[PDB]
Amino acid sequence: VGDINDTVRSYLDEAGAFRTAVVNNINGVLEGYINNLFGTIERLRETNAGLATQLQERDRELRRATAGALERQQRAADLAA
Amino acid sequence: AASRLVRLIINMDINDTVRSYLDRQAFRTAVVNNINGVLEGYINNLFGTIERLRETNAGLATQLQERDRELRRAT
Amino acid sequence: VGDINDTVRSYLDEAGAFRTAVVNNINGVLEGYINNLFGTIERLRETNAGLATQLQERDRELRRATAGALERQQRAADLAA
Amino acid sequence: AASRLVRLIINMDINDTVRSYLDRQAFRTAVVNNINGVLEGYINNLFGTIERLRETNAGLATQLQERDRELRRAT
Amino acid sequence: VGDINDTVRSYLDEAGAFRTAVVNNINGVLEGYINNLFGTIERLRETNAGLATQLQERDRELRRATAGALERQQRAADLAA
Amino acid sequence: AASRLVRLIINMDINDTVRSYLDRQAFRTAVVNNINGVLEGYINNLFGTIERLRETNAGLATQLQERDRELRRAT
Amino acid sequence: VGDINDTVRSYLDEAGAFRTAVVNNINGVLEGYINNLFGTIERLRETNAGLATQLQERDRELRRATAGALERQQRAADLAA
Amino acid sequence: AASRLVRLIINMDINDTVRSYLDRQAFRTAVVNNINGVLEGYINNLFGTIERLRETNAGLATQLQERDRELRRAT
Amino acid sequence: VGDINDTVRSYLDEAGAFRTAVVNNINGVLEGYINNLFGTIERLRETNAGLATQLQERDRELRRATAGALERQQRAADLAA
Amino acid sequence: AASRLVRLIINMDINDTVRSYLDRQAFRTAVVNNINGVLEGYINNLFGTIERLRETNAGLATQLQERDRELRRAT
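Chains as they are written, first to last, in the deposited numbering: chain P, 50 to 65, 105 to 169; chain Q, 33 to 44, 52 to 62, 103 to 154; chain R, 50 to 65, 105 to 169; chain S, 33 to 44, 52 to 62, 103 to 154; chain T, 50 to 65, 105 to 169; chain U, 33 to 44, 52 to 62, 103 to 154; chain V, 50 to 65, 105 to 169; chain M, 33 to 44, 52 to 62, 103 to 154; chain N, 50 to 65, 105 to 169; chain O, 33 to 44, 52 to 62, 103 to 154.
Just so you know, the hints here were simulated from the structure itself, not pulled from any lab data.
The beta carbon of each residue, even a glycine, is placed where N, CA and C say it ideally should be.
A hint or two may mislead.
[Claimed, not checked] Stretches of chain V that chain M covers, calculated by requiring three or more beta carbons in the stretch to come under 8 Å of a beta carbon on chain M:
(1) 54-61
(2) 112-123
[Claimed, not checked] Covered by chain Q, according to a simulated footprint, are these stretches of chain R (three or more residues, beta-carbon under 8 Å):
(3) 106-120
(4) 123-129
(5) 146-155
(6) 160-167
Could you build the full structure based on these sequences and the hints that come with them?
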């Protein structure tokens, strides 16, 4: 959005004491975003764990599926012989 | 200082906090006038966009009603 | 609501430093109003998109209905021949 | 200035906030007294208006009950 | 509740520049009550409109019932003739 | 100016706000002492009212249970 | 309440200007407690009214019950005669 | 004034507000140090009570599970 | 956790009057932690009481079960004799 | 003061309040710059963590669709 760019340009023109205070404000918003990013990291880790679990359970069910299929084929072949 | 804001906005509430923290007489008056002019221009642009899309939505709604009524004619 | 006009009259009578301060305050409140404008613009944009997609769906349904009606009429005419 | 407030009103918590923030010694006292008197007068007028509206609503309610009773008599 | 009267008399005894600030906060509070009264007035207006529309509907049904009774009585009288 | 607020309260949150804003060294010390004594007495009287109503409620509830037991026995 | 006792001890030792401000703020918190007391006495009065109306209802039902019982006994005695 | 505080507390929120308000230079520094040490000691004691009750809860839960085990093994 | 240690290092470098204010504010934070601790204590005590009452109920039921089992065994033995 | 904070973090809201409170000109500027450097350094590290996690999510997701499609082809 152009509004933020215009505000940045206006404050840069204002600048050209203030620098240190602006940096302190950036520090405050940075620590707020530290908290936000920690929260999102935790949520994403939980999502990763859930996906991991569901994928191994899918693997286990498909391995039973293929084992049963092979057993059925073997029994049919034996009976046909 | 502006580079940090540029970084933080390329990353993605920040604008509101920055402008609130932004919130000698002659220079202050001149800067205030510049900010007011920029903001007024942006508001005028926003209102123009709003009215544009408002007539757009009105036309789309009337088109919907007309087509539905024609469909009911068809039955 | 005549309160705004009365307040304007009282402020103008009081006025005739402070002007710059009140301009700064109205600037801040304007900055606040900008976010309301943004929220409105976003919600109406989603509304516009939904209206558009509904338009195309009804377009397609009407086209299919008309095609079916024409096919039925042609079949009846062919049988009557 | 006041032109911004005029634009805001004709465009129709923003106005509430600006009037809250807007709100030597002798002039200040005189202005405060005038504001307080104007506010009190307008408050009295609003009280009168709401009293009239309440009386009208009560009368309409009683008319409603009376006519419903008449209808039940008719049946 | 007599506590407010006791507070008023105690503050009057205390008083006998501060008066101007007291009046300032007083009209601020009365401005808040102005907003409250505006809201109450609007809600009462909505209630009045609802009362009017329900009265209109009741008038319609009453007229229907009266007319119906009239033609029933007239038909009975004609049959008696 | 106090009489104006008295008229406002008798016309109908106001008390809390006016008391919060209500809150010279010797004068303020004496007035604070007086108001603290007044509030202490008022709070003691309120506590007496609380105990009165509480014992009344307890007695009424006990009578209710005893009389309900009477009713169940009689049936 | 050990924290309260120890804090009181520490404050009294520190004190022995302060007293006036402390008693002013305790005046304010007593005002808050007064508001709390108003709320609780109101709710308790409502409970009292409810209890009274239940008492009245039980009175009426017991009166009807005993009247009916006496009437049934009288009818049985009359039949037995 | 502390007597009023203790009387109010023994009469029944107040403690938290008064302690947040409560919190010669050397005297005040020493008083602050003493208060901080007292608070740290009380926090340690509270943590001790926490571990006591947690051990109690763990023991009760294990006994519960064991007794349910024998209950279901009874048949 | 490491970020906290690094911040502690930086501020120990800076500070090594402000120390007293930092101590005061840490005292306030810990006095809030006191209320947190009290809430945890109360909740865990309630949990312990509930566990104890459940224990008592289960003791009752197990005693009845054992008594019934012994009675049935004795009855069977009497019949067998 | 730092010992109390490190003890309390070893025990495991605290850091949020502490950093909100903590956050002559030359020393102030130097300490501020050091803080900025450290904070932005582990900011960049955390973004690296985010991107690696997103890559992991994409890989796991596509592996999931592949195995589900294999299941569907199995029958």
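Now for the hints, and whether the structure bears them out:
Taking a C-beta to C-beta cut-off of 8 Å, the segment 54-61 of chain V contributes 7 residues in contact with chain M, enough for the three needed, and the coverage statement holds. For a cut-off of 8 Å, the count of residues in the segment 112-123 of chain V with a CB near a CB of chain M stands at 5, and the three-residue condition holds. Restraint check on the segment 106-120 of chain R versus chain Q: 7 residues with Cβ-Cβ distances below 8 Å, three needed, restraint holds. With 4 residues having a Cβ less than 8 Å from any Cβ of chain Q, the segment 123-129 of chain R passes the three-residue criterion, so the hint holds.
Under a criterion of three residues with beta carbons nearer than 8 Å to beta carbons of chain Q, the stated coverage of the segment 146-155 of chain R is upheld, 6 such residues being counted. Three residues within the 8 Å Cβ limit are the bar, and the segment 160-167 of chain R against chain Q gives 0, so the coverage statement is violated.
When held up to the earlier numbered hints, the structure conflicts with hint 6 and nothing else.
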